[PDB]
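Quick heads-up: it's one chain on its own, the form solved without the ligand, in structure tokens.
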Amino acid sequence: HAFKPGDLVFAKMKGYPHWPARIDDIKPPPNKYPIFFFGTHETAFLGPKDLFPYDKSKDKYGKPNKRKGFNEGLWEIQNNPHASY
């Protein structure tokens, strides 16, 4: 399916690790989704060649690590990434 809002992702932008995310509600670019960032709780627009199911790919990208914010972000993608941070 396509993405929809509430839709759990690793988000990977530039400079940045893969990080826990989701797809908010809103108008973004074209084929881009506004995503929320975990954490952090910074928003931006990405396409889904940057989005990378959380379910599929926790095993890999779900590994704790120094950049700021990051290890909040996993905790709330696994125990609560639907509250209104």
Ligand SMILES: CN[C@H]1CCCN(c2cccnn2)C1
Second form
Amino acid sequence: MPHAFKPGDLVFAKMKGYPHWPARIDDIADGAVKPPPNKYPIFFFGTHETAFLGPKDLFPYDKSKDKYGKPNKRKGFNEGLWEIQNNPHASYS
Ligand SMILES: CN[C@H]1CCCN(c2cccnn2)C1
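Same protein, different form: I have the form solved without the ligand, so give me the form deposited with the ligand bound.
Below: every chain and molecule of the assembly, starting with the one above.
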């Protein structure tokens, strides 16, 4: 049975105006800005951007990749697909 989201989990993350996007739940570094309550720091593969999202916009990657893991024309998306498949836990700093 599912647990709550934790750092390192792989997802497709939905934002307004954008396709479900390959991403991961990030950790929060000592001294860094924390998310709002009930929100997680989401690192978007390919764009390397961070946004804060709640579970309603988070789709676990294994269950969802057949639907959402196809090439997209949008900037960064196909790099993102490579990252989540090939090195999803690397530093992209
Ligand atoms: C994939 N393009 C969007 C997706 C959602 C995350 N976006 C953010 C969030 C915070 C800052 N900059 N960009 C970029």
